[PDB]
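A.B. asks: Listed below, chain by chain, are the residues.
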Amino acid sequence: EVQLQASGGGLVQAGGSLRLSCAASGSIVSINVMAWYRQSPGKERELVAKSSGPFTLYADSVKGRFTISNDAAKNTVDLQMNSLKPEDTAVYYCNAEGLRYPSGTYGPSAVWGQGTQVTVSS
Amino acid sequence: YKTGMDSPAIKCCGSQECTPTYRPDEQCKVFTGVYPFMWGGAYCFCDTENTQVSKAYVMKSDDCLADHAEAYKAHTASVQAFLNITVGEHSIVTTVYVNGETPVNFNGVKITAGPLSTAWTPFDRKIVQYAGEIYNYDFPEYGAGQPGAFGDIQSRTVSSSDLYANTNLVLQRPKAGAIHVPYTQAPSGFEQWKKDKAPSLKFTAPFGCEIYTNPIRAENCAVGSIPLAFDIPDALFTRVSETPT
Amino acid sequence: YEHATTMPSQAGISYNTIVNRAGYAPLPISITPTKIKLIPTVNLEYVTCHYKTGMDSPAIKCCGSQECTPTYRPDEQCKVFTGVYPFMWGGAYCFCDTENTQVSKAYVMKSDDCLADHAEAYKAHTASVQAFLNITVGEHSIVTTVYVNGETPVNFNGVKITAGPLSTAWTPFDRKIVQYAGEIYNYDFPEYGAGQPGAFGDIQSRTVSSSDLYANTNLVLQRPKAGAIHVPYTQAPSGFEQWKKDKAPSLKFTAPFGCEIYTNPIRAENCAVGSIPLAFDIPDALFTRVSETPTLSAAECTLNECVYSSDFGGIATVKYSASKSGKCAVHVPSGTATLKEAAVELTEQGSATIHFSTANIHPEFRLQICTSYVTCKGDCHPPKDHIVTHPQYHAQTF
Amino acid sequence: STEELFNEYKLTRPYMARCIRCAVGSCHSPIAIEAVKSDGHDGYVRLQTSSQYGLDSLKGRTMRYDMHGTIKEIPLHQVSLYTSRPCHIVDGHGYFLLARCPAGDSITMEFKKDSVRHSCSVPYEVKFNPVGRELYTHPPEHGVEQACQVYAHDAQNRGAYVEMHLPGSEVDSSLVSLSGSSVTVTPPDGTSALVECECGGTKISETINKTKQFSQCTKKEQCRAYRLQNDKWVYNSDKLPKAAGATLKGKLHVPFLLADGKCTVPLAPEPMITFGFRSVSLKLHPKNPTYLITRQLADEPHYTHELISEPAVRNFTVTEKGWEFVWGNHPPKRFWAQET
Amino acid sequence: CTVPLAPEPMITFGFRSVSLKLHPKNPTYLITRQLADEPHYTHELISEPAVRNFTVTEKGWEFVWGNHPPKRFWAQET
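Residue numbers (the authors' numbering), protein chains in the order written: chain Y, 1 to 52, 54 to 82, 82A to 82C, 83 to 100, 100A to 100G, 101 to 113; chain G, 51 to 295; chain R, 1 to 398; chain J, 1 to 57, 61 to 343; chain W, 266 to 343.
Some hints here could point you the wrong way.
To be verified - Here are the computed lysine-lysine pairs in the DSS-like style, where the Cα-Cα straight-line distance is at most 30 Å:
id : chain 1 : residue 1 : chain 2 : residue 2
1  : G       : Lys225    : J       : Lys37
2  : R       : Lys61     : R       : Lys225
3  : J       : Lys37     : J       : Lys242
4  : G       : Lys79     : J       : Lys37
5  : R       : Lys340    : W       : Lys286
6  : J       : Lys245    : G       : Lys225
7  : G       : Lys61     : J       : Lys213
None of these hints come from the bench; they were simulated from the model.
Whenever a hint applies, use it, and build me the whole structure from the sequences.
C.D. replies: Listed below in structure tokens is the structure:
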């Protein structure tokens, strides 16, 4: 059973630069959709980043401050954060969709990791 | 899909041949008897025996990340549930697999939820996902696509870098005095299927099984019964005399 | 044009077919399967390995009392005792004769050494077959990896081939499988959260790095010996190691039909059982007219050698007379004999030597050669070796 | 920072092209339209043009284009384009234009010089896609939020790339001129030219800023002179001849790739329900054409899907198992009958 | 890891039968199995030189004697 493990994040002052790393392990060979989601307290889940092969996507409020890189060989996605704002306080989750099991018993489509908490102090 | 046209290969007043690039569904043709033109007058001088070569192909468009359709095969649906159980004023919320094993343990109490009485699954053997909607459609299998319908382009993954195309791309005689490559092919079948767009499972499913796809799944619909088996120890049974009568 | 054919499920042997047309020359087909895989659909449940008895330093209080705090470590056992007289290398840790209290706490954790030395559980279903084939149609040689379900044909040179579903869904694997050290054993492991002491499954860890395990080892603390500091504990030995000493033989040497099991991906090789139906859709381009092939006249067949052994052991010379010189395919409509080669070079007045395999004491059968039938009869003799080192090549008729 | 994004298109130049329909007729223009893409929901369309934007002869809003080999510039707010109503230009970057204007059937693009008007029209379909199940023609002032696809407003290095090629030889009749008895060739300063002729025998001559005359030629129409350039690549356009040998020297990113965003979608009026024994009637009044989808909560749904653009009346039957319906974009409404 | 190799066993044939003489240096496991729908798997430990006789049909016979790769045999009519 494939699982996602998240690492990185932590406490930081306003204007700092962090990294988030999510790694996939299990019976997988090739992955299609790398995505990041953020959930602030008292609010619903929302997308922040979306990487799939050479293409990358960003949301309206996060352009020019977050960068996403995917390594299909290691099946990892790295989110570089720069110039963080107090609105970024939330818990970040990493998503994997369109998983191709190498036969590879066909199983659940999408999976979810525990996630990491990110908090910036004004 | 996006039609990729090479720059028209001109050897006027001479002769040419075909060099296959082996791109998917590539078509290479040679034409003679052309008198091309440019903004600064005619290109060259020989009146006839002028050779054009036109190579055309198809490659996956640049918009394939957030606008794409995926085909899936489904079988052996698995059931589970979130329960809130209160026995002997010991209330807990817990996830449980309702297959014929995997009990949930708390306060020495083991609860087994047996298999479903019905194997009803709201998904056909084939399904198609696009923009968060699911449709039961009999898509053609990889490598047997037909032009003008679903499956004209077949890519193993979004970045497989290798696709099989059946789009019926045919070249035409270029117009005299114009550098261009006239091509003809059927319209993409994906937009035709989008035009058709029969109602989705979340609006035509029996028993009203709400379909959400964070992972492909169904929820909140009543069919059958769960058999429950309680394994309770002998410690929680209280004396009657200690209870009001 | 549609043509149906049947393939025995056994690699290492060739198979020849003729596609007959009333108005056109027959077409040869040669097929050799190289390797067949029966891959099961298996899911992962949990992992287990050697456990290590963890414990904290004893909590000693002198003329006082202590209380137990729960850490919620798996299978934690905490206890408090009194009436101790502690000692140390330097001297007496207390001046109190009694009332000294000790707290002992114990638990388990996965052994660090079992990153690789771990036994895995498995539940397997719905095995799928995948065959590697070598095809020669119209003397066009190709090697293909094909899927043998009810769909997904292969296309090359316009020829379409579809291999139908298996005639039998038999699988050597049972429901509940155990994997370890590249060896696969069918075992009835208990399910998650219901392990028992001393048996396989005292520890239950969902994944290698789950960091969340359920343990049932029947750990019991004991009164420490007076005059020393330690925590005496007792539990049953490792069920993993007991099962290691049991170790019933492998499916690699106990499975029927001589399947060869491999563990990189779980799979079974060359399980000789059943047959594969195959359907050809051949384009009309490859079909050759009669006038483009030689036609024989007054051909006779004579047996030069006889051994009806397992291998090809019947040699026959055919003396013919041909107007044209061109390769063509010979075929045996019946199952009496099996021809070795697919085609034989043909000259204007030559003789063709052919090798075949048969099990009849008194063979007699007709050869289709490219336009005509020719009888060939003879008696044949047994072999000289009682045992050979290769499988049967021809069917045993009644 | 954006200059590192602009750096890719500093390495290229505009190019003349053929367009079938200038203000006069079949024509050679600097504003030939190669392709148009219309997939976004809110009418955002992408035009691939033959000119360049945002680069001076780095400036915010300008159009850089070509005139018989001479590069010229104009302010961006002069050019216009339309299909059926006046469109609105938002921003430009390189060989691409982002436009926002309603449906149509042809794309006309034009601008006006001091005295000469340049234009042409191309018949490529442009389609306006409504979001949800409420067909409209102009997005409403108010409504609710949905997730559709719209084209991003800013440029960034995405995973989509195009290919350039070495430019071919451009014939120019202006360079050649008639002397008293010979033909005079005057290549422009700082650039090389190739003269090929057959007035006598086969001729080939690479001149490098040299005014050379050739003998045996009397008239000028016999033969041709070209222009040579090594830098300033061009897109893989189908309207140009190719150079000699492998035609590949890299690739450039394409900005204005689509993305996901929040979308305003209208809200239909509340339908007035009237209930009777095991039946319901929906007094109904739509503002625009709208979809009814109705389902039963039994083993078989009898699903019905319908488009209504006028007031109408519908009487539905409901059983104890249950009835469900969606009108417009409201959350689904489920009704469950009772004995009485 | 180096692992010892057992001596070559002595083989004699017969009409649907094989007799194996084993002369082991150290205790060793002999395993044998038929290639039919049934195994009749046999899994023995021998520490003393000995002789065994086994019957083989057309369906195929197989055995592993030590770390030598598995050996297989087929019987034909004679």
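A.B. asks: Work down the list of hints and note, for each, if the structure agrees.
C.D. replies: We went through each hint and held it up to the structure:
1. A threshold of 30 Å between alpha carbons decides the hint, and for G/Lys225 with J/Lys37 the separation of about 25 Å falls inside it, so the pair holds.
2. This hinted pair checks out: R/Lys61 and R/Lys225 have alpha carbons roughly 17 Å apart, not beyond 30 Å.
3. Between J/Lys37 and J/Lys242 the alpha-carbon distance is near 19 Å, which keeps this suggested pair within the 30 Å criterion.
4. Taking the CA atoms of G/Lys79 and J/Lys37, the gap is near 27 Å; set against the 30 Å cutoff, the hint holds.
5. Our distance criterion of 30 Å between C-alpha atoms is broken by R/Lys340 and W/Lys286, whose separation comes to about 38 Å.
6. Pair hint J/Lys245 plus G/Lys225 holds up; C-alpha atoms about 19 Å apart against a cutoff of 30 Å.
7. Taking the CA atoms of G/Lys61 and J/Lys213, the gap is near 28 Å; set against the 30 Å cutoff, the hint holds.
In this structure, only the earlier hint numbered 5 is contradicted, and the remaining ones agree with it.
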